[PDB]
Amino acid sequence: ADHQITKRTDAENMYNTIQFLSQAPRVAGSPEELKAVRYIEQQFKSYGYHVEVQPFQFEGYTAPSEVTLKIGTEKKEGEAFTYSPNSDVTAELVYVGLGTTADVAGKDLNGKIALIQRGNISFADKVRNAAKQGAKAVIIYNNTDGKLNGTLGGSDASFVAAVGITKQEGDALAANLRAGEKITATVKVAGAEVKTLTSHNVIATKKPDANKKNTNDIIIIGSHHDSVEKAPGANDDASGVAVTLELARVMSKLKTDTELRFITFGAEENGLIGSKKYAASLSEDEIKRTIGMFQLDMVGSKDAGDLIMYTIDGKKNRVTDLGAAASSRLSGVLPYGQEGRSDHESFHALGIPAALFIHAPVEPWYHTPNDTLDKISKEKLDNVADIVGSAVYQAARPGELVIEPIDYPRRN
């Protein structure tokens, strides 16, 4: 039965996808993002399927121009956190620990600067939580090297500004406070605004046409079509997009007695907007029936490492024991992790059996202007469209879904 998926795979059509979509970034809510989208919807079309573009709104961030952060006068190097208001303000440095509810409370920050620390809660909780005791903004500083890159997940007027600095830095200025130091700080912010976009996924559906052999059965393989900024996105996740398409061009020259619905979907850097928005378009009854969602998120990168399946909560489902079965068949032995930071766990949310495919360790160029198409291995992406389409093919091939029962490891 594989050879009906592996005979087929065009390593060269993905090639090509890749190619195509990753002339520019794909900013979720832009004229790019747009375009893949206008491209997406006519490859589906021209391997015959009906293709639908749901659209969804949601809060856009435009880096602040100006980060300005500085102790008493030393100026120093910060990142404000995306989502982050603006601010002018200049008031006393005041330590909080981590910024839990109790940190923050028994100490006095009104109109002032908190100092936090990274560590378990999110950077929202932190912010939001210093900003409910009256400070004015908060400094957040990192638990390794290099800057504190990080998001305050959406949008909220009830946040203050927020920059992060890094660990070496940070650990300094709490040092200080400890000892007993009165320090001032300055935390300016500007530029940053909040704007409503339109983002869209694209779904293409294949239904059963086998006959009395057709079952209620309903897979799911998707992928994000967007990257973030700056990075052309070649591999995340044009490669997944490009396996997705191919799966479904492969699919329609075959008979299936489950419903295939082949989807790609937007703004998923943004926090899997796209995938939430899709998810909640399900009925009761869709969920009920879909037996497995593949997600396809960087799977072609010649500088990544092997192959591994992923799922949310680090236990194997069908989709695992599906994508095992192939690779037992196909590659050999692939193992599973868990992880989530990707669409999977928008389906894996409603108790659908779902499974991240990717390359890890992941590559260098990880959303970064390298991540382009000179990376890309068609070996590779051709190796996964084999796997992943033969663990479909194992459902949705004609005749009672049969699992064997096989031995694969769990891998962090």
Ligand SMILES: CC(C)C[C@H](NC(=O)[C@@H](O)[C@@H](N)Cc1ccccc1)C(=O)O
Second form
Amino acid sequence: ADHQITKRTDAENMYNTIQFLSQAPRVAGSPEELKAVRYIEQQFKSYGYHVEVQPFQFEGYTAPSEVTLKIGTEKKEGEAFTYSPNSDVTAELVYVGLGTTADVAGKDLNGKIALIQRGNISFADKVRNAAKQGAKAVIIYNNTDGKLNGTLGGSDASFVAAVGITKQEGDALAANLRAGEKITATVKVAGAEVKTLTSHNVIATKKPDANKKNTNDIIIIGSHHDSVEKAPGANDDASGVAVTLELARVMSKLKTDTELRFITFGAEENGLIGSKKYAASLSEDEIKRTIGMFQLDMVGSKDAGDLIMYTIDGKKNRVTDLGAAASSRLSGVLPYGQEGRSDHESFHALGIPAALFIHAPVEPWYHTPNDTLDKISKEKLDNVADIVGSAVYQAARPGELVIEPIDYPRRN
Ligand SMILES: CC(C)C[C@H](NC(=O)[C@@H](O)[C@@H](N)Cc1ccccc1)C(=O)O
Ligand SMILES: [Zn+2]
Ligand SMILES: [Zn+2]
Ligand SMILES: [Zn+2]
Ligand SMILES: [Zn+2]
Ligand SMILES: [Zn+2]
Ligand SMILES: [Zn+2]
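Having looked at the form solved without this ligand, could you now put up the form deposited with this ligand bound?
Next comes the full complex, and the chain you just saw is listed first.
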């Protein structure tokens, strides 16, 4: 049965999809993402699919024009967290540890600037916990090398300007403060803006067309069509979109007894907003009938490692079972592990079996201007299309679903 898939997986088609999409970054809610939505819609239609476009709004963030951080007189390097309010305050710097509700409860942060170490809780809670105590600004320092780049999740007037700094420059201040030194700091954040944007999810569905063998099962195959600022997003995630489109094309040539929904989600980089919106559109019946959701994210880089399947809880499910089965016949052992960070999380949250298919360890180009077309491997795109497509087909082909017993290891 795999031959029905492997003989039709066109790597040139997939390469071409990535070439068109990665001509420029596709920031969620931007004209470029809209352009991608129209392109994807048109390709699905060309395969003969009926397509639906689900719109949704979300709070976008415009980075501040300038982030000025100063300890007394010396100027330090700091990057304002996304969704960070604006500020122009100069006051005493107070170390409050991890910024837990307790760490700040015993301290006097009224009108002062809090110094918080990254860890345990989310950056959002730290800023929130410190702001509730009267803190006018927050300085968070790294746990590892390199700048501290994070997000407060989304807009929230309960926040106060928050900027991150390295571990070295952070442990130093914390030490000086612990030693009893009285330090003053300046946190000026200007330019930052929050705006309401509109993104979209593209949904192409193939209804079962088998004889009396039709089931009421549903399988979802997804990827996200947006990319981060400044990143052409060839592999993250035009690659996933390319495989999603090609598999949709492949399946249109075959009879199926299982409803297939090929979807490209918007605003994934903003917090899986698109997939959360689509998941919220499903009825209780659709939820219980969805036997599996396959997420394709970063599946074409020549500079990434072997293919692996990630599940939210690190446990095996119907999707990893099918993925493992297909791979055992086509390429060998396909390991599984625990990881979220992608659209599969949105379906796992509803109890639907789900897994992320990705090449790990990931390439160094991830989220950089270097995530381009010349890093893409047609051979890997084709292999993923072969494995995921055969796994889906093992279920979608006419007849009853049978999954033979096979062992596949968990990899951390
Ligand atoms: C909650 C999400 C915004 C998480 C976010 N996800 C992404 O960027 C996706 O494009 C995925 N590429 C996340 C990812 C990266 C590397 C290995 C596994 C999973 C991320 O920061 O990784
Ligand atoms: Zn092929
Ligand atoms: Zn629209
Ligand atoms: Zn991604
Ligand atoms: Zn990403
Ligand atoms: Zn080769
Ligand atoms: Zn192949």
